[PDB]
Structure formats: C-alpha cells, structure tokens
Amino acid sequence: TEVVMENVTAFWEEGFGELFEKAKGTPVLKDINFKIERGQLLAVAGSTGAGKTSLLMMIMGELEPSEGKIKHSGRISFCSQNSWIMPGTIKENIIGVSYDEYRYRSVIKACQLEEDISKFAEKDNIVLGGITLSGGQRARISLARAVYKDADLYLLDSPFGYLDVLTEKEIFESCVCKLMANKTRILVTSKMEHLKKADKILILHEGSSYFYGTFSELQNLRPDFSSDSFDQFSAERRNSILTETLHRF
C-alpha cells in the first residue's frame, strides 16, 4: 500500500478538533504532507513531543484529522518504543498462532535471535515472562514479532532501545533494509544514518513539518541544518541537539 498525507491537521481533544473541521487549543500535528510508495521507507525524526508517535496513531485511526486527507488502505503492524513480552514461548511471542517456517527463520536471523534461542535446552520452546530477558533481547523479540506479522504497513516507533551502537546498525541493515525491502514501512528515529538510507524523510518540530523529502534534498535545501560522531551520541543527547537546531531554524 501507498501512504499519503495532504494538509493534515489533528487535535487530540475531540472538541477542539470538531471546531477546526467546522471552521475550515494547540494541534498535535499541523499541515502534514508526505507520500510513500509501496515498498518504500519513510524515516520520521524530531524533537520530543513533536508528534512522531501521534502521526503513527493517526495512521492507525487512533487520531482523526480535522482538515486534510490521509490515504491508506491495508493491515498495520505496529512496533512500539516500549517492548512487551507475552508469558509464553519465544516462538509464540514472535508468530502468535500463524506458523510459516521460512518466514520465521528469516525473521529470527535478521533480528539476531538465533544465538539467543540456542542458549536454552527447549530452544524456541523456552517459556518467557519464567525466563527473564535483557532490554536488548526484549527489544529484538518485539521487533521480530512486528516484522513477522503479515501486514501491509509496518510502523516502527524507535524499536532499537537498549541495543548497543553496533547491534542497532546490523539489525537496521538486516531487518529494516534487507528483509523488509519490499514492505511499506515508517521508522521513527534520531539516527542520521537511517535518514540517509531512507527513501523519504520527515522532520517534525512542535507539530510542524520542518522538512519532507530525501536526504539529498536535505543536503540541497538545508546545508546549515546538516552541518559522523552524531549517531555515537546517546538517545537523550541526539534528541537535545536535534531539538535546539530545530528551534534556531
């Protein structure tokens, strides 16, 4: 499926949203414009509270526009920024109930879970919730769950938490870039590497679109904004550097 937003403005409060819709307090998102083709990657970046998760919620019909149009048709797979583990086996946590051996093995390889599974006698029959897992292991199982699901659009809201720099790089490449090459997907990130590899980018600030386009277009239109070691900074630091640059401009 292709996902399109045209002049989208939305309010979390239902009452103020109805007022703006009729007319045409603060919008969580305003005048949002993007278009993603089938099999493309959109990277979403921005300051804290810019409306990144809210944009995903709007795509999932949790938040409705007051003006403008959202065009999308398809099943959505959502990977939240906070991992969750069902009391059950690793396999069930990833597949649910629908099993597909080739899809399953592809996903666990791409999320580097083979080494984790081999650690136990029961293998992927090991019961979680029970066995306790590290942040990074929980993150990777959640991502594998989201990616395994048969869906038409994959929404990945900062799914690489508690993973080290090197692991996040390998999995972004193996999962998001390779395995999911033909899937329509939206990634929320503050990693300059991911914006670079994306087909389109959207940079948000206080509900407003700072920039929509390619990373090359970001080089063309925003040279002072563009101006190696950035992705080495922590999530918190990367956020406050991006925040300040968006405030200045």
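Positions refer to the first chain, counted from 1. In this text, the rigid core denotes the largest set of C-alpha atoms whose superposition between the two forms falls within 1.5 Å. Compared with the form deposited in another entry:
- A movement of the C-alpha atom of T9 falling short of 2 angstroms is seen between the two forms when the two forms are aligned on their rigid core.
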Given for the second form:
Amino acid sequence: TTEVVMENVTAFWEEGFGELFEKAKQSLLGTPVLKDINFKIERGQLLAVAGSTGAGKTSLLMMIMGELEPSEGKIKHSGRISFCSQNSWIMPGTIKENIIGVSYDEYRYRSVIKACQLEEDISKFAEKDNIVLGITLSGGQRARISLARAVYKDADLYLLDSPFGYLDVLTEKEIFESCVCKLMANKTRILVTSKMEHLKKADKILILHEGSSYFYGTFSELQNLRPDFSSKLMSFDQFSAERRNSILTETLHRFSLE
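Given the form deposited in one PDB entry above, I would also like to look at the protein as it appears in the form deposited in another entry.
Just the single chain follows, nothing else.
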C-alpha cells in the first residue's frame, strides 16, 4: 500500500506559459486549478473526492501522476499507480486482454469480472470474453471494462476518476460495494465520486469547489461543518451519477464559502 500526502498545494495549468514569456525576454499570479490543498491517507485507506464541475478533481489526480507540478506546497507518494481515466478506452483485442497486463492470475481475473458485473455481459457473446473489439460496446460496458483493467493491475495506489459516470444507480451501488469496498478493501485508493453514500464509507473526504478545499475530514465532520450543504443533499443519491454532477455543482454554488 502507499501513503499519500499533499501539504499546502497550489498549482496553475498556465505556469509554463509564464515561464516561456519570461525566457523569451531574458511565481505566476492567476486562477489556480488547485489552491491550498491538504490531505493525508494511510496505506489501505479510501479518500473520496467530490466537487463541482471544473473544480480540479481530475487535475488533482494529474498532479499525483507527475503531470502537473505544484507552484507551492509538497506532494508525497511512492510506488506503482493504476489510473482509471474519466473517459473509458478500449484497445484492439479481446475483452480479456483489455483487462489483463503481462501476467495472468485466473482467480484474480474471475473476481474482477464478477465484481465489475461483466459476467452477464460476457455470457451473451458467442465467443464470451474472447470476443474481439467488429461489434461495439455501450458506454456502460466500456467503463466497466476500463475499471476492471485498473483494478486488476497490481498497484500501490488506485486513482479512480468517476468510474460510475455512465452507470445506473443500482449497478453503481453493487460495483461500489463489491469492487471498491470488498475486492479492494486493503488497497490505497482515491475515488472521484458524486454519491453521498460513498463519502460515508470513505476514511477521508475532500470536496473541491473552484480549486479550493470546500471541505476536508470525515463524514461526521462534514455534517456539522457544512450543515446546510449536508442537509440539502442528505433525494440526491437516487439520481444517476450523471445527474448528481449538475445537482452537486448547483449545491456548491448555493452554499459556497464567503
């Protein structure tokens, strides 16, 4: 498992532009994508990250993967990362080879396809998981294949960027319980999600809004620290993940800080 820490992190996607402008002539001010971000999770813990559209959630994951350097603060992490990107993707080849890396573990594979609900899908194909991607998959199928790929990989830190985005409420719930909570029980993970139930199960919660930490702490803390926000969303969780994003974004603007 990895430990993960951000201490006072501020970052600007535009920083490079400023550096080139100064180079051509021989710290940047602007709109930070992330501002004064703090969190720590221990080995094996889950951090749920939520927030409004454009808040920096994906950008936060990108900093952990070394794609964006902090202009201020420190990030500490080590080890192997598995990343489930916000848009799904599929490489030419079988369903099974979309899921598995260099090595194959029969049992691990079966338990991944089971927890991501891919069994019923696969059983409707003449060639099962050996069907070649010819035929095209739904957005829901693709996203579940992409999550199985990320979770199958043996890693130290799993970064799951809205993997329930295109799923219904029921499928989202079973997969969250079987995969994220059971199958990955002992793994360090960061899940971008809009479900209040998910934040209730997390070890830590980070809510972002306009780049800033709207909230960091536990679920109990959230209910008292942001009591009107909490009250308005706690029936939000019966809406689709797709739909909960617009509502959550409205709700953060509604109870935005000072």
